[PDB]
Structure formats: structure tokens, C-alpha cells
Amino acid sequence: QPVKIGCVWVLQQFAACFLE
Amino acid sequence: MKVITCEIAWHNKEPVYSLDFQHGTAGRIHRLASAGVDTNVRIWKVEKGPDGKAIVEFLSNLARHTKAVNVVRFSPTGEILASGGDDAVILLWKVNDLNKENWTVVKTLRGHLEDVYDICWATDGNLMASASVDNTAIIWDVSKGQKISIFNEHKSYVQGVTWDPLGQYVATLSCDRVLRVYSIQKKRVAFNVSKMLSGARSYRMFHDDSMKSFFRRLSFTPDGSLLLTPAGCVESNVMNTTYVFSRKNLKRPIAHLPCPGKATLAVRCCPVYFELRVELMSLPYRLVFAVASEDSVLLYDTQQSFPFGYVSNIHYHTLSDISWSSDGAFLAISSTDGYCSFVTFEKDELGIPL
Amino acid sequence: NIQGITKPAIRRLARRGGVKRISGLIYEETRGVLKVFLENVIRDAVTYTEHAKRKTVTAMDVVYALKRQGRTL
Amino acid sequence: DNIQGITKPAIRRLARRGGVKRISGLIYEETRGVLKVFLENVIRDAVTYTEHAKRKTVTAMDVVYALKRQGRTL
Amino acid sequence: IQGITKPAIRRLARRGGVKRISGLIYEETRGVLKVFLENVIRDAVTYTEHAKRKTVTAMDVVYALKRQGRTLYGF
Amino acid sequence: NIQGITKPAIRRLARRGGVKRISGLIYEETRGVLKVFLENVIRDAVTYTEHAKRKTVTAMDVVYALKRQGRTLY
Amino acid sequence: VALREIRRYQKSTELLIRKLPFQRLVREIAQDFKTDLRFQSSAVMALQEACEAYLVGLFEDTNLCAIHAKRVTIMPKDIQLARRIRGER
Amino acid sequence: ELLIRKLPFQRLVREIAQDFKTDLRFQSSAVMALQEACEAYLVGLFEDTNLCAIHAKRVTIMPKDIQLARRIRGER
Amino acid sequence: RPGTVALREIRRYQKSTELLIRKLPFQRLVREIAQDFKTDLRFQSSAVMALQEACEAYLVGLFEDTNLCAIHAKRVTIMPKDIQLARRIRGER
Amino acid sequence: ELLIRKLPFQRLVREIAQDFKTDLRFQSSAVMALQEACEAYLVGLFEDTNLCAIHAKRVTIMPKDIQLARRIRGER
DNA sequence: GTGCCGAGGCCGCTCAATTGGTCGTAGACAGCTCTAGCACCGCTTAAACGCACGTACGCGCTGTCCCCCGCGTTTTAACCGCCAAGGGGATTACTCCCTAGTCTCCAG
DNA sequence: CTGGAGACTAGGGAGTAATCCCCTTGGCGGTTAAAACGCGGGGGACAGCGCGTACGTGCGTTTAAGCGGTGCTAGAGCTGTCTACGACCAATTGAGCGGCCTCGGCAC
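Just so you know, the sequences run in chain order A, B, C, D, E, F, G, H, I and J.
Numbered per UniProt numbering, the first sequence spans residues 682 to 690, 703 to 713.
Numbered per UniProt numbering, the second sequence spans residues 1 to 97, 114 to 215, 222 to 258, 261 to 301, 308 to 384.
Counting in UniProt numbering, the third sequence runs without a single skipped number right up to 98 at its last residue.
Counting in UniProt numbering, the fourth sequence runs without a single skipped number right up to 98 at its last residue.
Counting in UniProt numbering, the fifth sequence runs without a single skipped number right up to 101 at its last residue.
Counting in UniProt numbering, the sixth sequence runs without a single skipped number right up to 99 at its last residue.
Counting in UniProt numbering, the seventh sequence runs without a single skipped number right up to 135 at its last residue.
Counting in UniProt numbering, the eighth sequence runs without a single skipped number right up to 135 at its last residue.
Counting in UniProt numbering, the ninth sequence runs without a single skipped number right up to 135 at its last residue.
Counting in UniProt numbering, the tenth sequence runs without a single skipped number right up to 135 at its last residue.
Accuracy of the hints is not assured; some may be wrong.
[To be verified] Using 30 Å as the maximum straight-line C-alpha spacing, the simulated DSBU-like pairs for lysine-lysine come out as follows:
{"#": "1", "chain 1": "F", "residue 1": "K32", "chain 2": "J", "residue 2": "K116"}
{"#": "2", "chain 1": "H", "residue 1": "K80", "chain 2": "J", "residue 2": "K80"}
{"#": "3", "chain 1": "B", "residue 1": "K272", "chain 2": "B", "residue 2": "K203"}
[To be verified] Just a sample of chain H residues kept apart from chain G, beta carbon distances all over 12 Å, derived:
{"#": "4", "residue": "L62"}
{"#": "5", "residue": "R64"}
{"#": "6", "residue": "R70"}
{"#": "7", "residue": "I75"}
{"#": "8", "residue": "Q77"}
{"#": "9", "residue": "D78"}
{"#": "10", "residue": "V90"}
{"#": "11", "residue": "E106"}
{"#": "12", "residue": "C111"}
{"#": "13", "residue": "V118"}
{"#": "14", "residue": "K123"}
{"#": "15", "residue": "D124"}
{"#": "16", "residue": "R132"}
Derived from the structure by calculation, the hints contain no laboratory data.
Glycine included, C-beta positions come from ideal geometry on N, C-alpha and C.
My request is simple: use the sequences and hints to build the entire structure.
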């Protein structure tokens, strides 16, 4: 089964990165 | 959300490179256009099923382009269709009042030298901005259908041009690792963004030809306030990222959201503004937009720094293009494996529209 | 216009082309292909001048258009 | 030293489009010499053709005729 | 070169749309067969030495039909 | 036909051409290049004589053939 | 008498189309594109050379097709076939 | 679907490669890609030869028509 | 490893057609050779571009020929003797 | 002063002519001039392919040498 | 200036002499090819530099211009003898349809 | 690893199609009278190009220390070949019947 992620305002594992 | 991967071939299993949703549509059922290496642009009818699943209904096929088509776009009014291919020409299709609907060529925007990559539109509906492998961005008048402005300051292949919705500036990114932003009124380059400093050395903001994809389509905000640019690298080794700039200053990004591993290539914003549910720009409205990288799709909004949605492991090849729908209920993605995918959201899932 | 491409001129061009005898209406047709050629070789050539941001057509741009066509001379 | 304006990496790129791997350091002088000879042998013919036209300027068409005389028209 | 069969050329020409086929064309086709490859393969090796590999890839044919100006859709 | 250009003939031709030592397969590659050279000169000479309405082939046509090829010899 | 013309013309190289008619044809065909265009005399020379070379080659191969069909004359069918086989249309 | 047997074409490209240089192997995907390309080339040449034969109001193909189409195409 | 950069350069260049001998140094060289031949002579920009394209093609073709010459001599590196033999075998000088 | 045997080259050129167009006339002066042209071409090819061979520190001449000479001259 | 005519010039093919030219055999050995090891000399960033290169810009010269005209060579065009593109007819040639074998490349 | 049905080879059958000739009607090549547009050349300086310069800026060249792919150079190692010769062996000259198409010479 394919995996979808919907609208949230398990998602915590996919944070984008800055650079200091 | 829901994601449906089309297991049938749209362009005889050839890779799909461009999509667009009919912005002129004001209802719930949508019309889409797909461009493929089959030298054809196919207009399909996309509608959610009774269970909520997207259904694709073929409507028409356009074979006027001599060679493979790279970029296809619609006008803001939805009545004017611009198709770009490997023939270095732009075909203008209008309503003609195996195909179910009829499309007719009205204008032939000759004046491109090399492969065309990205086609940009104007809010007034009277202006074209187009980018090609000719290292040049060409600006045209619809009422005359002839070339009126030329920007040949790119030293390498141009893969994206975006027009400001307010109608003052235009942003072009080429393969020379240079971001050139021009004043449309002055018809001269105004801003150059190629090098950026972290912490105190300065390195290139963008990265060279190792992309396996053919598009670097950066986007303007529908309100024009922000510029979102993919295919960036940040030295933290280097990691892939997408940079955010504001109209206040176009030279330096305070924030970039990274995609370690594969590099982001296409970005597209929804035409529907939502009420507010770290923030890049602070106004009581918000906008939802999405970026297609090599093998994943990310979905952000105005406020959240981290992605609102993350969808991965769908296609077997590099994703080519992403296109939002008129009402925001559909998000069409195409890869270079010959098949496409759709992201469908329930009513007001992204938020409450303004 | 096209009638500048003169019938004895096509005669002599065919003679250098090695044609012994020309049918009477080839003249009414060959000029046609000339347009089909010209409306291409000129067509991109001017854009090249537009691409070089000059409004004068030059022999180098024409040679480039021929190179794209594949009949360089 | 005007002929020396044709840099070493320029000749190296010339070689790369020629389809080679290792360029010897002794070839730069020889390639500069042959290039100056070729430019001389084409410029003389172009100049004679332009003077035949009684013009004070040689245009892009004249050098094409000179190359046609040489045998590598382009 | 005899591996290219007579029925192969026959149904090739039939797909081409012809009705009647001679005999002397057959070997002739083999001729125009090999010379075609007799160019393409060289470019392949002209790329394979460039590729520094011993087994050719799918990019070699793409570049071959790009050089000859006869690019073909499909794989 | 071609076998009239015998091995010792090409041997003495090579000796007067300046090469001291000769291999085996040149004996056939030289016949091949001789055929390729003769085909063009014969074709163009035939065309010129057809232009002149001559079943014969005047030596003037032959020297003009060489001039078209570039190896003129009276 | 014709063979004399073919010989004496294949001998020479000078331009065949009259200068001014070709120049005015080029200018008129550029007018429909966009006005206010400047063409150097060298550019018109290049156009004349290209057009004459194209027609020389096309008439050579149409004569080829005609001699194929056992006809000394060349007909429009020859022009269409030499255009299609070459890939023009 | 293809109308040329895989093994004869494979062995002929192998021997021509050996004539070029030894130990130049071939992989399957390249083999079918080249076979498809040669398929299209030959079928196009045969279509042009059909047209040329139609010109001479004889439906049958003659050996020359092939060479005439070749030399018009500017191959040799 | 050494060599891969050369292959990447070949891929970048053979596909491409841009300029390698830089415009201004070639203009200077052409002007100097013109002054050597006869003074007070003017070279159009398109004329210099055409001349530089002819120069480009001549040198790339002769370097391809000298590549064939070096490959025949069973060595990848070129040398001036290869260039001399390529010129003589071409009958130029 | 010629080294290609005269009788054999005359028959060879007649047989070449019969391939192009049958019933063709060849005179002694034309055949002698053709012999001179062929001898000049072959002597030039042998001399400069000898140079190409001595380039590779070899004294003999193999087919690759003549092939390279012809390829460089532009005849292939 | 051109048509007829004579006369040589390749034909084309034998019919032989002897005659220089070519082929095949034997192999000692000069040389192609291979192998290996050395030094040496082209590929690689760091840092300096430096010079293409772009953009504007005052100054200036060579594309150039249409009008007449000078003329004048070439194009239009109608007449007309004459070659040839073509339909039809008869003739000879060469692939369809099994028939059978077979064979071998693909499949379990 | 072993098996067997779709595909390649020859052939009878003849039948459809390529080939060559027969007016034959049409239409395409001289040709002459001319004129008419083409080639050419002379100005005006208005308005447009390339030259040349200043600035910057930064992409690209330049040097060096550095190392390793590679030229080549010495030493086998096997191998075709140019030596001499002895056989064939095509064959040049010396003559022809017999000609016919061509090219220079001559006369009207």
C-alpha cells in the first residue's frame, strides 16, 4: 500500500534543515 | 490526503515533462494538460470519483509540435494555451468553436533558438516570458504575438522564468549558477544572486549540471511578496535545499528548507489564499505551496517552517513537474518514468479559503 | 516579389544543376520551394540578430542559420 | 607577444573538443605556429578579395570566399 | 551477414507497404545494413573509449542517432 | 580485372614511392584504393564526355578530371 | 546546344539569380515578418549563395530522379519526391 | 513487436565489434535499443524506396532505387 | 581517479558548440596580422567571428587528425611530431 | 616511365567503364594519362603512408597505416 | 564558314617467338609485438593576478540612398519544327500457397 | 538441462508485373523585335554601426608543489619476407583482314 501524508498543523520525523 | 498513481501510460509510456490545471475553471471538475516525448500535448478531464479517487478522462490530443514538448502552460483566464516543445517554438491554442474537444492554433511565437524549458505568464494576459537553452529570456506581447524584449545575460542554459503578479520584476535562473532578476519597465538586469556567505567564506548558491532533471522552475508568490527558489546547496559537505527571498531584498535568503539527498527541482503555489491556522512573511493571510524534488513531494504553507505534508516513494525516476489545481483540490505530479501521480485533498483540508 | 525569380534564371540554375530540359510549369512550382526555403532561412536568421541584440542581419547569422539547417556555405 | 594571447587552457579545450586525453607541453608552440600560418593564409586571400571589391573594410562574406578557395567553407 | 533472413527483409518491406520485391535488393539490404552500423558502432567505440568501459550502454545508441540525425522514439 | 595490378608491380611502385619494407595486406588494400580512385575519375570523365557528346575520352577531359579531383598532371 | 550551356555553366561560378530581383524578394519576404530591418549587402550575398546552392542540389537530384524514370525532362512530381525523400516535408 | 531474430543480429554486432577491437561486450538493453534503431532506419529507407519505385510507375522494387534513395538522402 | 575529468570535459564540449579561443585575444591577433599584411584596413565584427569559427574548425579538425595519428603510434599523449606529420599527411606544410 | 603494366591497366579501365556505361571508347592518350594519374596518386599515398608508418617506429606498412593516411586526407 | 572525304586510330582478334615478367618454394633473419621498469612530465588545488568582458558613451567613418540616366543585355512572347511522355499490346520473368522437411531458437 | 512448434530452405504454379516498341498528340526548345528592368554611379547628411576608453568584477588564466600515468627504452620471442631460383606465363612485337566512327584537311 502506498504511503501518504496529509494536512497537519509521525510528521515530526521529517523536519527541514537550516544551517547556522 | 490521498495519492493516486496512474498505472496506465499517458503518452505511450514516454516520460511526462509538464502539467497545468485550467485556472479559468471555477467549478469542481478540472481539466489538465500533459506534455510528453511523443511530440504530443494531451488534454485530460480530471475529476474525483464517488469514493474520492481522482479519475482521468482523455479529451484531446495535440500533435502540431514537430518534436518532444517540454513545457505547457495556460493563461490566467484559462482560454489561452501556450505549448513549448523541442522545435524552439511556442504554439498558442484557443477554443475551436479520437478527441472529444477541439483545439486550434492561433499564434506561433517563433524566435527561440534552442530547446525551450519554462514558459511564464502575466496577470494582464497580454505578456509572455519564456526561457530556453538559448541562454536567453524572451518577453512577448499577446496582442501582436511578436517578440518585444530579450534578456541574453545568461551564460548557460536557462531552466526557469517567473513574472511578478504585481507586474514590476522578473526572475530568471540559468545553469551558470546565477539568479538574474530584471526590472520589466527598465528592460535591464537589476539584481544578481550567485554567491552567498555562511557564518566567513562565500560559496555558490546553486549547483552545476549534475541534475538528472530538466527544470529549475522557481516561483513567485501569487501575491508576489516572496520568491521561492529550488536547486540550492548549503554547506553545513553540502545539502540540497530551497531558498526563500522577499521583495524587500532579493540578494540574501534568511531561511532555506533543505531536502538532504535528492535536490528539489520544481515549485508551485496554490491560487487560493487561506486564513491563518517561524513565519517567513507576516500578514493575516497564508498561502499553501508545494515542491517536487527528484523522488518526493513536500507541501508547505506560509507559517510552518517544517513541511505540512511529506509524500515519498511513488515514482521510479526523477520527478519532472508539479502543478496545483484551481480550487486546490488537485496536485498533479509527473516523473520521467512515463507515468504520473495525483495528490487529492478533501474539502478545506489545507484550510479555510479567504 | 517572387516574379523576380525569373524564368530564364531558373533555366540557367537548372543548367548548372545538370538538367537537360525543364517542364513548362516547373517555374510555377520551383519558386514555391524557394519560399519554403527562404521563409525558413530568413525566419531564424533575424531572430539570431534579435538574439545578438542587433537590428541588422549579418552574413555570420545567416551562415549560422544554414548550419542549423545543414547547408553551410 | 600577441600570438601568445591564445592561452594554454584555450588550446587544451580546443584539444578536448578534438577528442584527446593527454596534451604534451611541447605542443603549444607548434599549434600556435600552425594557427598563425593558417590565419595568414586565409587573411591574405580575404584581403585580396576585399580590395577587389574596392572596399575599405573586409566583411564576413569575404572570409567565407577565402575559405571556399581553401576548401573548408563554413 | 546471412543471419538476416529473406523473410525478415520481406516483411520489413511489407510493413513499408510494398507489393513486389526483387532478389538483388536482399543482399543489397545487408550491404546498407552493415554500413549503417559501420558508422554507428564507430561512434559507439569513439564513445566507449571515452566511456572507458568494455560493455556498451543505452547512451551510446542515443548519441549515435543524435550524430546521424536519425533519433528514434522508444526503447 | 583488378588482378592485373600484380604484386611485383605494386612492389616496384612502393620502391619508387620511398618505402623500403612492405607487408602482405597492403597488396590488397592498394587494389581497393586504386578502385576507389579510378571510380571517381571515370565517372566525372564520362559525364564530361557526355556533355561533349563523345564516346571517346579526350585527354583534355582527363586533365580536367584531375583538376576537379586536385591531382592535375599533363 | 543545351549540352554546351550545361558545360559552359558548370565551368563557371558567378551568381545566377539577378541581383536586384533577389534582393527585393528577400526584403519583401522579411517585410511580412517585422518591418524596419537592415540587411547588409554581405547578408544578401549569403542568401543568394545559399539559395543558389540549394537549388543546384535540388535540381541535380531531381534530374537524378528523372533519369531514373527514363525521362530526360523533369516534372513537378520529381520536385515533390526529391523534397519528401530529403525530409523537407 | 520486432521482426528480426535477436541472436543473428547479436552475433553480427559481436563480430563487427571484434573486427573493431577485442573484448568489447554488449548488454541486452543496448542490443535491443540498437536493433530498434536499425529497424526504424531500414523501414524508413524501404518506405522511401517504395515512393521512388512508385515514381517509375512500377510497383516492384529494383536494386537501384535503394541506392538512389541513399544518395539523395546524402549518405554516400 | 585521473582521466574522469577529461571524459567529463569531452561530454561537455562535443555536445556543445560555444567559443574556446576567447573573442578579444583573437581580435587582437587578427588585427596584428592585418597590420602585418597592410596598414589601415578594417575588420567587421561578423568578419572576425566568421574567421574565428573557421580557425576553430580547422584546429579542431587537425587535432582530431593528430589524435588519430597518436592513436596509430600506440600512445594517448599527443606530441609536436604528431602535429608535424598530420600537417604533412594533409599536404599543407 | 611507368611501372603499372600497360596491357592490364587498359583492360582494367575498360572493365570499369563497362560497369558505368557499356560500349565506351578509350584512346591510347587517355589511357596513358589515366596511368600517369593513378601512378602519381599511388606513389603519393605510398610515400606519405611510409611517413605515417615510420611515425610509429615501424619500417613496414600495414593496412592501418594506409587507412589512417586516407582518413586524414579526407577521402573517407 | 561548313559539308564531304580520306585517312589514320583504335578497335578486335588471332598466330607465334622469345621474353621479360610473375609465382611458388626455403628460410635466416630484421622486425612487429610483447613485457617490464624507470624517470619524467602532464594532471591538481591555493593563491595571486590579470585581463576578458560588460556597459555606457563621445566621436567618427564607412554601409548607403533613390533618381535619373545611360545603356544596354536580357527577358517576354508568339511561331514553329520537332522531340518525347505516354497508352496499349505482346513477351518474358519471378514470386505466392502449400508441402515437406528441418532446425533451432526459445521455453519448461 | 532437455525438449519441440514457429520459422528458414527448395520447389511446383502461374500469374501478376517489368520491358520494349508504335504512333501520337502535346508541349517544350530555338528565335527574332524590343524594351525594360537590371547594372552602375552620383550625390545628402539624417540617421545608424564599430572603435576606443573607463570601471569593475570575477571568471578565467598562471605558478607551484606533487604525484602517478605513461613514453620509451632495453631485452627477448616469435614471426612473415626478401632475399635466389626454378617453374610457369602472360605477352610485345610483327604482322596481318577488316572496319567504322571520328577528326583534320580540303574545296565551294
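Here is how each hint holds up against the structure:
no. : hint            : result
1   : F/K32 - J/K116  : 25 Å, holds
2   : H/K80 - J/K80   : 40 Å, violated
3   : B/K272 - B/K203 : 20 Å, holds
4   : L62             : 24 Å, holds
5   : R64             : 30 Å, holds
6   : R70             : 33 Å, holds
7   : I75             : 28 Å, holds
8   : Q77             : 35 Å, holds
9   : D78             : 31 Å, holds
10  : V90             : 28 Å, holds
11  : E106            : 10 Å, violated
12  : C111            : 7 Å, violated
13  : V118            : 14 Å, holds
14  : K123            : 7 Å, violated
15  : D124            : 8 Å, violated
16  : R132            : 7 Å, violated
Hint compliance for this structure: hints 2, 11, 12, 14, 15 and 16 are broken, all remaining hints hold.
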